[PDB]
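Only a single protein chain was left out; the remaining protein chains are all shown in position.
In order of appearance the chains are A and B, and numbering begins at 1 in each one.
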């Protein structure tokens, strides 16, 4: 229906924003590397990795809702 | 319904992305502090704070839609 096409658009927006989010993460990592090893960012990295996995699962779930 | 479970998933995706967004903000702030006081970022901080409040209200509203 129309509420379905709408939900699909919202999902696509979220997917595109995730790409943008990953780009900003990458940008930040390159800036951090400029001062040396990123050892102090191990936890920050882990959190980013975890929330990214969470988002990926939600995106997967949203798409394979019905089929 | 199914369109409800779908909307819930989308909301969860948005909530997870907000966590990721806050992590990138924190990362940027630490990098800014590396060169000294963050006085020049007072306005940037304010804007970030305002949009974060806006998002928090929308997330709250979305969840307490019906009840």
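Quick note on the criterion: contacts are C-beta pairs under 8 Å (C-beta built on N, C-alpha and C of every residue); 3 or more make two chains touch, one makes a residue touch a chain.
Trainee: Sort through A:28, A:55 or A:59 and give me the one touching the missing partner chain.
Mentor: Of the listed residues, the one touching the omitted chain is A:28.
Trainee: Touching the hidden chain in the full complex, which residues of chain A are there? Just list them.
Mentor: Answer for chain A: residues 2-3, 5-7, 9-10, 12-14, 16-17, 19-21, 23-24, 26-28, 31, 34 touch the chain left out.
Trainee: Just the residue numbers, please: which parts of chain B touch the chain that's not shown?
Mentor: Within chain B, the residues that touch the unshown chain are 3-4, 7, 10-11, 14, 17-18, 21, 24-25, 28, 31-32, 35, 41, 44, 47-48, 51-52, 54-55, 58-59, 61-62, 65-66.
The working rule: only the chains that are shown with their structure count from here on.
Trainee: State, to the nearest whole Å, the distance from the C-alpha centre of chain A to the C-alpha centre of chain B.
Mentor: 13
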